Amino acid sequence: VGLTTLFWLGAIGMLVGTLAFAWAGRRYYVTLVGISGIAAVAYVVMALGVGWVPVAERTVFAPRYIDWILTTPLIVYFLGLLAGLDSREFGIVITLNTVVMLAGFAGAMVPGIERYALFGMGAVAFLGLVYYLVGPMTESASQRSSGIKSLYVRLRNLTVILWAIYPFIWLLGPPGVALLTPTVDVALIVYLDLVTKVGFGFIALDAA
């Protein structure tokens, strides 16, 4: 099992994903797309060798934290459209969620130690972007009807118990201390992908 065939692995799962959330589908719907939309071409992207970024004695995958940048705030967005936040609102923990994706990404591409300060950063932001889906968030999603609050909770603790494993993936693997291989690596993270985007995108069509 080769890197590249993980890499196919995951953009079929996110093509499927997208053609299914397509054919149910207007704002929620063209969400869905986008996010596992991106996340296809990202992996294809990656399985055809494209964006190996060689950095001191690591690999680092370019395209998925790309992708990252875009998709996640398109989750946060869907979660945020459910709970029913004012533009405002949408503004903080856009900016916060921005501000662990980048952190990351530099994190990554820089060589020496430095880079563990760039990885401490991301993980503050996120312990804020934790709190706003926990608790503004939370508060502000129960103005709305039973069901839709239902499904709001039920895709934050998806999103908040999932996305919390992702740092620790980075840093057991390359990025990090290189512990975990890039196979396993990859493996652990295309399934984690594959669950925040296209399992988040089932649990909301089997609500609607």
The other form holds:
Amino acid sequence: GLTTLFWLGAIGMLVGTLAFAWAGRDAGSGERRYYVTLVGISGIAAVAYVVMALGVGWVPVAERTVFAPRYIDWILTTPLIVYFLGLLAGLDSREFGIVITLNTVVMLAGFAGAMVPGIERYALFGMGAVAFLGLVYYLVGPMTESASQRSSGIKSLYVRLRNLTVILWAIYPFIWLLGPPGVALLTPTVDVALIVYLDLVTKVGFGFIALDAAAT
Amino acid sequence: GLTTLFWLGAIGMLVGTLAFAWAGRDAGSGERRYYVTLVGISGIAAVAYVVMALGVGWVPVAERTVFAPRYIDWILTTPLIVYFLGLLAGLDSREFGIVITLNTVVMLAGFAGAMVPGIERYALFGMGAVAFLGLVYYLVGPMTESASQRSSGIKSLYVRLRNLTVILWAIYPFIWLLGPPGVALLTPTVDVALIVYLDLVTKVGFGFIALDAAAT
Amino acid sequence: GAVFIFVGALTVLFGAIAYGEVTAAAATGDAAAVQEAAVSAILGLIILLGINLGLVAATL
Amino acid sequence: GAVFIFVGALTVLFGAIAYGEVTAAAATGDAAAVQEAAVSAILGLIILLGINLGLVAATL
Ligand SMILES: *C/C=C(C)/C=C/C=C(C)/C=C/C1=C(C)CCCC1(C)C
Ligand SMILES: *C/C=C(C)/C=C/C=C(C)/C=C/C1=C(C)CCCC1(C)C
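Switch from the form solved without the partner chain, shown above, to the form deposited with the partner chain bound and output its structure.
Then the entire complex follows, led off by the chain already shown.
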């Protein structure tokens, strides 16, 4: 059942949210921004999953069904994930506006493409993909260089979080292609299940690994 | 095609065999026994896969087909794998005859059970499983204690090889239960494919990890 | 080590969801409907390996 | 790192074998035959995760 999967998403995101608010209660002098950000990432996502679980935002497009809340989520949370990674890396402002802009282009292209019945949706996907490679270049390149200047515990947490992000974000566009927006080889249910799993790892899992290391 | 999968098994085992004979050419004063053993493990298996690929040893049993060579392989090679692990661990002779006997009981029980149409094949499986837990206890217990006394490079290679063995050998009895000998939920082709993959990792993969560490 | 048991638990959950689609398709009596459900399940499970590896890799 | 690409390569090979069974079943026109082929493919792929994890774990 689709709404059952959405409800499991909501509950997972909530647990994560409550966990980050709680853990954050005793955050250091310049660590609050991390905890605030994670409550933002998982809290926004929880609300989105609730909305989908209630049946709202299910858009008909040709022969598929596009979940608008999913994409509105991504546009808001994925740059917050990138902001988090920018914090460990130690970016200045200029470096932020590049990657965040790249990231935003990806989600808008996926969203746009998702909403287009015609074959030109693949061109839109094309542009999202090119922007993604741009984002990846920044994560593994310059931002990694930046992160090398920091204390080794922070570097190691960066590499760990960058690896989780780059690997798992690279899976999304495949779900897009094989799923309803692309060739429709994955049923809506399987598409939703995979994303729910991804969203929980990329946000809640991402977060807990950070809780683990902020202690250790 | 079944025989195609067997032929891929044979070729994989052969490559491994040639690799171990070659690498062994420049083995140390007390390292030859390791290389000899790996040529034994992968060479016996190669011959078995060739035999199956040629269509020989396909035994009719009730509504399934049991590959006798597969099991004759296991009876010969699995104790050789255990002998290898006994070498890194530094066992004396008494400790060898326990684990090898345990191991032998597992394969005979699987083989016997495989050849029995009746429901009592699960009792035979039962006994194989109990012996396996016995073997596992020795790998993670006493043999691990033994291996701790050795130089750290050997200890680390032991843990690495013990982990690969315990984890992957634990998968076999599930293939037995879900496959043709058990509930027949896995088609013969899928059963053969999974085992081919396992046999290559547990032997050739096992071996290469040892080549990697005997250098490093 | 506990990560695997989490991964394994979810992987069988996902299998059960996919399987549940296959069987519903089967009760339809239409082989094409079962095949469409089967391809989705195979591709999903392949994709699911990649997620688990990423989660394992990142944690290992 | 190369291990993953080896694992991924094999995992898609296995998918293609399983899929090839599903389709052969499909050409039969019998939904039950497709379902029997689908369950085998799902269980195989689940089992295949465990093998890949073991190989990853042992190597990580
Ligand atoms: C918590 C939710 C997350 C981390 C969502 C990440 C989504 C992506 C990385 C989507 C990437 C896409 C492309 C790279 C291509 C165009 C299709 C997209 C938007 C799905
Ligand atoms: C290279 C070939 C190898 C490492 C084969 C290993 C086979 C096993 C560990 C089989 C175990 C079984 C049980 C534990 C239960 C009874 C069924 C068996 C024999 C399949």
